[PDB]
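Here you get one chain, nothing else, as structure tokens; it is the form deposited in one PDB entry.
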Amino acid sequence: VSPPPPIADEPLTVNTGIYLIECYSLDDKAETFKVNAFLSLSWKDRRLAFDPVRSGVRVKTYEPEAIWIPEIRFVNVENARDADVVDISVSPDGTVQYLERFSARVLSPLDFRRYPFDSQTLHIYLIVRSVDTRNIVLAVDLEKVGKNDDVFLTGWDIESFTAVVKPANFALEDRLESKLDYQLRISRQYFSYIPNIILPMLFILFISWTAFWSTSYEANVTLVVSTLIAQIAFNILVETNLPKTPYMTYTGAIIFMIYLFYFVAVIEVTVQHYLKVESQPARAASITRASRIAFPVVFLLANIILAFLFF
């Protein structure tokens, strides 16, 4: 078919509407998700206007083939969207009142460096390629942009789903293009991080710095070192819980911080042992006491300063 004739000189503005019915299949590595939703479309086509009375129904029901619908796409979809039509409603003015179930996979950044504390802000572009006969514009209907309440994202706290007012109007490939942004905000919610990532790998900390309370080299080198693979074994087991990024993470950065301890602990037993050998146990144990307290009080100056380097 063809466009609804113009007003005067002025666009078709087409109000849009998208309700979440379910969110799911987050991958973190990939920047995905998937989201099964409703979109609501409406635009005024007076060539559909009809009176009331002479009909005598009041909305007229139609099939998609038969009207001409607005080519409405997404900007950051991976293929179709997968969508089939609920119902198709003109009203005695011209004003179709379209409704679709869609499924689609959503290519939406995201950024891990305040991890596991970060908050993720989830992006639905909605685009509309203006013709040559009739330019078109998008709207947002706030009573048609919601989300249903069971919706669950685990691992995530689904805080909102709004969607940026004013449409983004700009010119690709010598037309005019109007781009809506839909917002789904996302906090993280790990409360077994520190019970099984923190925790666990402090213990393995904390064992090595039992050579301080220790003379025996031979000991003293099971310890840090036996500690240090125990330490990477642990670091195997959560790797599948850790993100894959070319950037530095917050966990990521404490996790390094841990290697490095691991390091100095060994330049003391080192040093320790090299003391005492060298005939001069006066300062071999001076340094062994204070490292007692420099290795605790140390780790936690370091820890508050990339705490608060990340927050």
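Only the largest set of C-alpha atoms that superpose within 1.5 Å between the two forms is called the rigid core. Numbering follows the first chain given and starts at 1. What changes on going to the form deposited in another entry:
Of the residues checked (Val164, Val85, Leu202, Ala233), the rigid-core alignment between these two forms shows a Cα shift of at least 2 Å for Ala233 alone. Once the cores line up, the CA of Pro243 ends up 2 angstroms or more apart between these two forms.
Write the structure block of the form deposited in another entry for the protein whose form deposited in one PDB entry appears above.
Partners and other molecules have been left off, which leaves just the chain.
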């Protein structure tokens, strides 16, 4: 079977729609997500036209192999989608209504700059290649675009699922390609990060700051170095669920800042001890008393600067 012939020289319009049934496995490190959806396609094939009077039927059902069907592919998929044809219906005028249910692993890049208080626009790119006989063009049937209310993406809030109605028309391997952009806007559920990562990091940092109320170097060394090891465990835990980015992320900047604060607290502990041994405890006492205010104040200010730069 060849494509439908044109009445004049107009392109063949394939109306499309994606109805999301499931959205799962958003892998941040892999920058992929899995989707289970309906793909609806509609186009006119005059060769399939019939008179409902002489036929006795108002609609005709067909098998995919019996008629011409446009080769629609997804651009940003790992492997070709797994699809199952649900229905193919032809109306008297020859308007074909195709419906399939598919599952696919989608490759969509993520911006981790504001992580874990980030939002993303996931893309699903639909494409059709033109044939020598005629130019095939994609369109969006907005009445056939949507998502199930039960669609839950673990650790994310689904804001909207819309399509950019105008296709991207360009040449690829000496043939025209029509590309539609389906956009799934999501925002991260940051809740869990506060009691599980943010607050534990602060607690161990505040424990390291008790060294500013102690003159015992041996105890101070234990306090700062042991809390540093606990911080390193949290840093490793955090960075393992993120890919390596060529830019600084919000969490990355915080982690880096905390390393500086631990390093400076070691300098203070070292300086205070050196002075006490040099029989200068009065000078050490002045530094330690200043540190009690300076460290929390500089920590709060540095965080305000960071939050400002990132948000």
